[PDB]
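Taking the form deposited in one PDB entry, here's one chain by itself in structure tokens.
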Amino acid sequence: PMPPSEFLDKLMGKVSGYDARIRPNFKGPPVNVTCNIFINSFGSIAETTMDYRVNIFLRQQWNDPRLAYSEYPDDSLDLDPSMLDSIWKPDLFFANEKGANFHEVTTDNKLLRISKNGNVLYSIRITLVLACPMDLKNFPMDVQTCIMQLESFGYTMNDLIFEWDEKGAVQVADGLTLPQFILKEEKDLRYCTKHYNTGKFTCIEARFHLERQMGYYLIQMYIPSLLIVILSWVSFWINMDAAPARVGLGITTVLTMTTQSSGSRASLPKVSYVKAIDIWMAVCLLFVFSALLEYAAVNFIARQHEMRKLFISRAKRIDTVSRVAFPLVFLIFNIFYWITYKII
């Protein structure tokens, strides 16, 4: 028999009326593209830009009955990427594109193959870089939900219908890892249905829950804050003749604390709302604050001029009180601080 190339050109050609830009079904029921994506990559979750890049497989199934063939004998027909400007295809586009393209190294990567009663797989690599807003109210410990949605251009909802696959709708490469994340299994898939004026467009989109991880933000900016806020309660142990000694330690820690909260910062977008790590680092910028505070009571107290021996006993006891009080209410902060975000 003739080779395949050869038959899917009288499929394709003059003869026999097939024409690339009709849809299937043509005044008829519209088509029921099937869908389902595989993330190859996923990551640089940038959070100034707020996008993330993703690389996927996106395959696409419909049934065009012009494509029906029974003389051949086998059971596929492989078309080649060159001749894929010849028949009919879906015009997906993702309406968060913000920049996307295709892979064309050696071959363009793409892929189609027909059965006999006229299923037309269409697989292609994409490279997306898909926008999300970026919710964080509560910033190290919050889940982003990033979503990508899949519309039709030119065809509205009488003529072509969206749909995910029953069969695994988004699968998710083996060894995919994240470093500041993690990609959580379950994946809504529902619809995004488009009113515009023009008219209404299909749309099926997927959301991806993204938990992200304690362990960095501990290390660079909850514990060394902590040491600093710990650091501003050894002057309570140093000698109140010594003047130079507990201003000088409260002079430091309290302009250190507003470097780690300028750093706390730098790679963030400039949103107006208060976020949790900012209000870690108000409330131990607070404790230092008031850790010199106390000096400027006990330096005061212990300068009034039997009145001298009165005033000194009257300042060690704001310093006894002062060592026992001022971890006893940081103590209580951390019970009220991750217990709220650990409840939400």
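Only the largest set of C-alpha atoms that superpose within 1.5 Å between the two forms is called the rigid core. Residue numbers count along the first chain shown, from 1. Compared with the form deposited in another entry:
- Fit the rigid core and compare the CA positions between the two forms: of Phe236, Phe208, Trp88, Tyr122, just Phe236 moves by 2 angstroms or more.
- Comparing the forms between the two forms on their rigid core, the Cα displacement of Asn158 stays under 2 Å.
- Taking 2 Å as the criterion, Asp64 does not count as shifted between the two forms: its C-alpha moves by less than this amount when the rigid core is aligned.
- Superposition of the core reveals a Cα shift of 2 Å or more for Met257 between the two forms.
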Given for the second form:
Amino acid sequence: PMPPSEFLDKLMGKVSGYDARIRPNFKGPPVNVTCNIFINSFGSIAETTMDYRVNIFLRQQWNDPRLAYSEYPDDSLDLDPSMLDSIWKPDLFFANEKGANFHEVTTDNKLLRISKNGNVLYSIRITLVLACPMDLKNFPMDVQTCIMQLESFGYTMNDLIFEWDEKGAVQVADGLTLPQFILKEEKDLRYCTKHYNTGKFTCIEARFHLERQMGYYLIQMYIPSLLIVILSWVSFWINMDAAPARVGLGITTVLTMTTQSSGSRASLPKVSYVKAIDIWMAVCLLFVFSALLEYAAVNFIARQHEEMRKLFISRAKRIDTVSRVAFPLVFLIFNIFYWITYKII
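Moving from the form deposited in one PDB entry, what structure would you give for the form deposited in another entry?
Next up is only this chain, free of partner chains and other molecules.
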């Protein structure tokens, strides 16, 4: 038997009229290409750039009746990647590429197997820098959906139709983690069917779900800002007449609330709208600011001038024992309404 590298040059040569610029079943039914991807790497999810890079194996399967053979004995051939330009291949591309390239190290990472009845299996290795828009209106408590869609560039719906295969359309590698997200093990597979002023093009997409982990922002940002609000409240139990003690506890509590918020903006993303962590640090700044405005009333009622001196110091102690109950209670109402409206979403 003749070797398979020369049997393909007889099957696709100057004879038999095979042209790699003409789709199979030309002027007939469309070409049904079935696809599945295999994700090797995933991550570096940027929020300044709003993209994420991924490393996949793209497998494509179509039927080419011009490549059916019956003389050669073996059930499958394998075309070398140097001779790849002599095959009609689909013009799949990604609608949100934002940059992508092949892998060409030690061999072009390509693969092409032509079966006996003409089924063609074409697997390649691609690095993508896919773009997904992100909605950071509740930043530590958010789920980010990042799609991945696969259009056709030059053939319309009456010529070429993409499908996912019905047996494992998207697999993900096992030991694959992320620094700031987790990847849920459920994928949404649907169509999009892009229209233009050119024609109905085909496309298929796959959605992913990214639940952001929580435990860093509690230990570093929520719990330390929580304790500073508690330290604002020990002024109501410190003596009234200890005037350097109350205002030294006042501003130095709103200075460590300023340092806690300023030093943590370097770790946060730089979007220009208000988050959920931004309204925590703002309202917790308002409880520390309100503690010194309480003492500014106490240091003025009690200093105000026996009948009337007994009256005014009774009023400044009344405004103190009320606020021992009111400021933990009002802060507990905010601490309910905050976590309810951001866990329910």
